[PDB]
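Generate the whole structure from the sequences, applying the supplied hints.
Letter by letter, the chains look like this.
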Amino acid sequence: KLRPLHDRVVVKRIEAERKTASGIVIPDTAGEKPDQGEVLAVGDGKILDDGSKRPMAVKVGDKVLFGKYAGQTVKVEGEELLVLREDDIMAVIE
Amino acid sequence: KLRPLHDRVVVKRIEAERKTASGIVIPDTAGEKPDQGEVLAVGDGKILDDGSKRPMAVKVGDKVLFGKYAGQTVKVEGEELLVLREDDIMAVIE
Amino acid sequence: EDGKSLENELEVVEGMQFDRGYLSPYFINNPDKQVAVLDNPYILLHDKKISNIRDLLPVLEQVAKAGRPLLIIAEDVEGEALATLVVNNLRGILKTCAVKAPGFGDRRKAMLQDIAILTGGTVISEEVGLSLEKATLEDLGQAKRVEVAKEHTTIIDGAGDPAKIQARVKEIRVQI
Amino acid sequence: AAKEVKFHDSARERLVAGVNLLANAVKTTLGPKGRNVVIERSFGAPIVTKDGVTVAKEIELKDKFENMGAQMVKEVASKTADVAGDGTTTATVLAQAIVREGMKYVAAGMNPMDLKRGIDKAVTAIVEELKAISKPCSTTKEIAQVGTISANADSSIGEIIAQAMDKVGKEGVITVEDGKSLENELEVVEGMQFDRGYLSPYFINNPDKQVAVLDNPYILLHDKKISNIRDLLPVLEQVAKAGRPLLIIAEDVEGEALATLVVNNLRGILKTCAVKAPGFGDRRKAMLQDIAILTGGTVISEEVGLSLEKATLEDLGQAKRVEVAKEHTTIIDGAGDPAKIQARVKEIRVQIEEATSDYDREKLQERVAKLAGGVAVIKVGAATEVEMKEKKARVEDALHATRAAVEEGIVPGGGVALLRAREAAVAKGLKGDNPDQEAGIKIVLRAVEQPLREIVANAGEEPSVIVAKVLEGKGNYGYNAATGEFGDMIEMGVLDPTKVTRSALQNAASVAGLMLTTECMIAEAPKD
Ligand SMILES: Nc1ncnc2c1ncn2[C@@H]1O[C@H](COP(=O)(O)OP(=O)(O)O)[C@@H](O)[C@H]1O
Ligand SMILES: [Mg+2]
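Chains as they are written, first to last, in the entry's author numbering: chain e, 2 to 95; chain d, 2 to 95; chain E, 178 to 353; chain F, 2 to 529.
The set of hints was computed from the structure by calculation and includes no laboratory data.
Be aware that a few hints might be false.
[As the list claims (entries may be wrong)] Cut-off 25 Å, straight-line C-alpha distance, at most; resulting in silico cross-link-like pairs (DSS-like, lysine-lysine):
#	chain 1	residue 1	chain 2	residue 2
1	d	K13	e	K69
2	d	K2	e	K60
3	F	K226	e	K34
4	d	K76	e	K69
5	d	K76	e	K20
6	d	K2	e	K69
7	d	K54	e	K60
8	E	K226	F	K286
9	d	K2	e	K20
10	e	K47	d	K47
11	e	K34	d	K2
12	E	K327	F	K364
13	E	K181	F	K80
14	F	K347	E	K210
15	F	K347	E	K272
In structure tokens:
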């Protein structure tokens with residue numbers, strides 16, 4: 002549905018945890034929004050100065066961690082999706 | 002579990018000092034947060050302008066000293082893991 | 178005090194009652210009288226306001242292991258902290274009640290210490306060297322029963338040893 | 002400042018003079034043939050009243066020593082009005098009789114403290130006999146009779162009050178306000194009405210009455226302001242495909258949210274109405290929970306963990322019909338489980354027993370009436386404001402008496418109940434521990450005849466002859482001062498609440514007994 006450009010990555014931010022290790026239910030208001038999410042669409046890569054594309058460190062499917070400052074929410078067909086550059090994803094979980 | 006990307010380095014900020022050379026106990030509130038920590042995961046390296054990777058000066062296991070204005074905390078499994086770029090580490094201890 | 182009837186009546190209050198009610202009606206466990214009865218609960222003494230969840234969660238998880246109820250005595254429990262308690266109460270995951278810390282000024286601190294001595298616990302505060310995140314079950318006070326009404330709670334009997342209770346009583350009577 | 006001190010008889014005569022002045026003014030209003038008292042107001046329009054407490058509260062004397070006697074008797078009526086709402090004239094008359102009879106024994110050298118102890122002993126015995134004589138007020142005919150007597154022989158007031166209690170039941174709330182016509186009218190509000198109107202005229206679905214009727218609607222309870230649309234859309238969509246209307250009860254609906262509801266109303270896409278949440282402060286939360294329990298829904302609030310975006314149809318309340326007028330809406334019938342409603346009513350009535358402010362249980366009773374009863378409004382009709390105030394006081398007095406009648410029962414009126422109770426108490430062996438206590442008993446035995454004597458005196462007959470004839474009779478036999486005939490008080494309709502009679506005697510004895518024990522009086526000295 003959504004195709005990013007260059008170094009852009011589209012992520013669905015995961016839901017803030019509801020239960021705990023012991024099962025304590027945190028209300029949705031209290032639950033802090035995690036800085037993680039899975040990738041749905043990946044770009045071709047940033048065009049470096051000499052031409053061609055930079056190989057991308059993230060492929061469609063992995064779970065990535067991104068800063069809270071970065072990203073933008075997109076309004077297509079209702080779901081909240083965060084589109085952000087490749088450099089903001091600081092780590093990949095499993 | 003956590004795999005950083007490019008120049009990112011994952012550090013666990015070591016806890017504040019508790020007992021001194023004289024054995025004085027400092028409350029956790031009074032104890033200043035140290036700017037040091039051990040590295041759990043290291044990135045492959047920053048992609049410079051011609052491709053390839055920049056060799057990393059930090060290897061998994063050593064103690065590194067990082068800026069107190071740098072890094073971002075990650076909410077994974079409740080630990081105080083900090084993710085920051087390779088350049089924010091001022092120095093490596095022993 | 179003034180009575181409502183035409184005859185003199187004597188009301189005797191036993192144990193520790195500090196004339197402070199609950200902060201939320203959902204803490205009530207039996208609707209017959211509108212009271213919050215806690216059987217063998219833990220008592221958490223805090224001298225500072227509690228608003229966030231990230232600090233109270235470590236101690237709320239510990240009382241969930243034993244399954245005993247938790248009574249939170251603090252200056253105020255609002256926002257996320259108050260919300261987290263009522264969500265757990267209705268779902269039955271963990272039964273608990275929260276009351277305001279009795280008294281104003283230094284008298285609030287003195288009576289909070291008395292409750293901790295009576296209940297065999299410690300007042301969690303950064304002024305002594307204890308943090309809510311690092312609070313454990315041993316630091317919490319205990320009692321066999323406490324009931325929280327609309328405007329008062331009565332700790333039926335603290336779990337502290339009589340030796341420390343007598344010493345605390347001796348200190349107050351000396352200060353008298 | 003400087004104090005003037007009076008001793009012995011010089012103090013007692015000043016005290017008794019203040020008692021007599023206040024009680025004589027209150028005396029004139031006692032009984033069916035009692036007459037009105039005009040009290041001048043600072044802002045004009047003097048009040049015309051037949052109530053003893055109203056007359057007593059306006060009496061102040063230049064003599065400060067006489068004023069103490071007036072002030073102490075004044076609060077006999079104040080306490081009787083507080084606990085019964087009726088019988089304030091009877092209490093004032095009884096208090097004066099005890100003082101008048103007790104001062105004779107004080108002047109005879111008897112110990113006033115033992116007189117007070119004897120007075121308490123006799124009053125306890127008579128009150129117990131009043132309980133035995135009292136009969137329950139079961140029939141609505143008796144309620145009309147009790148209301149008619151307390152409204153100064155006004156059958157219209159008694160009948161309308163009996164109808165009001167029949168319609169709203171024992172758990173209902175009845176209020177009195179000014180009417181626009183010349184006749185009394187009764188308005189009964191059923192179900193839950195929270196006197197809050199719509200936020201926009203476009204919510205009206207029928208222009209004939211300028212009302213917004215929603216048939217089988219969903220009710221959304223929200224304890225926070227609603228201004229944006231992105232949060233109301235998820236629940237609006239859920240309401241939309243169901244086809245039922247939606248009533249939004251929140252603190253306020255403005256801006257995008259209000260415009261979206263208005264826009265969909267004109268286009269007919271989704272019929273809805275929005276009303277402000279009733280009440281202020283914690284009271285707003287209380288009735289909002291009551292509406293949720295009544296309507297079988299849950300109040301959406303982040304304080305409980307629920308969110309407006311995550312709100313579902315099951316969380317919404319339901320009703321068979323609701324109509325939103327310009328300034329009020331009425332939920333005809335909530336969809337909540339009656340067992341939960343009864344439990345909620347039980348909780349509130351428990352809180353009623355603990356209420357400490359006058360407006361506390363008054364609003365608590367209103368919540369109970371909204372939940373498991375009704376609210377009746379009696380609009381008093383009168384030509385002028387002065388007549389309106391006099392009629393309203395009579396209607397309020399009749400409402401208080403009828404409430405006291407169902408609470409504790411009824412006794413024969415016209416002072417007969419006190420006489421019958423006295424004879425039963427004497428026949429049971431009422432005696433004191435010493436001759437001074439025996440005199441204190443004799444004070445109360447003579448004093449309880451005073452309400453009948455003053456009723457007869459106002460009627461123009463001879464009090465002592467009538468009292469003797471009444472004492473010759475037994476049971477409900479009494480004297481009808483309205484018709485000047487002897488007969489059965491219950492059959493003739495002269496009924497009194499036993500709570501009013503008991504309260505009047507107990508309050509009068511407590512104050513007048515203390516007045517007998519006064520030997521010294523201290524007041525501020527006059528300014529030369
Ligand atoms: N038709 C009547 N015949 C005899 N007694 C009456 C009649 N109507 C009312 N009463 C008596 O008069 C008393 C009413 O006094 P009222 O003037 O209403 O002052 P209060 O209400 O303060 O006693 C009642 O105790 C009642 O028993
Ligand atoms: Mg009356």
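If any of the earlier hints don't hold here, list their numbers in rising order.
-> none
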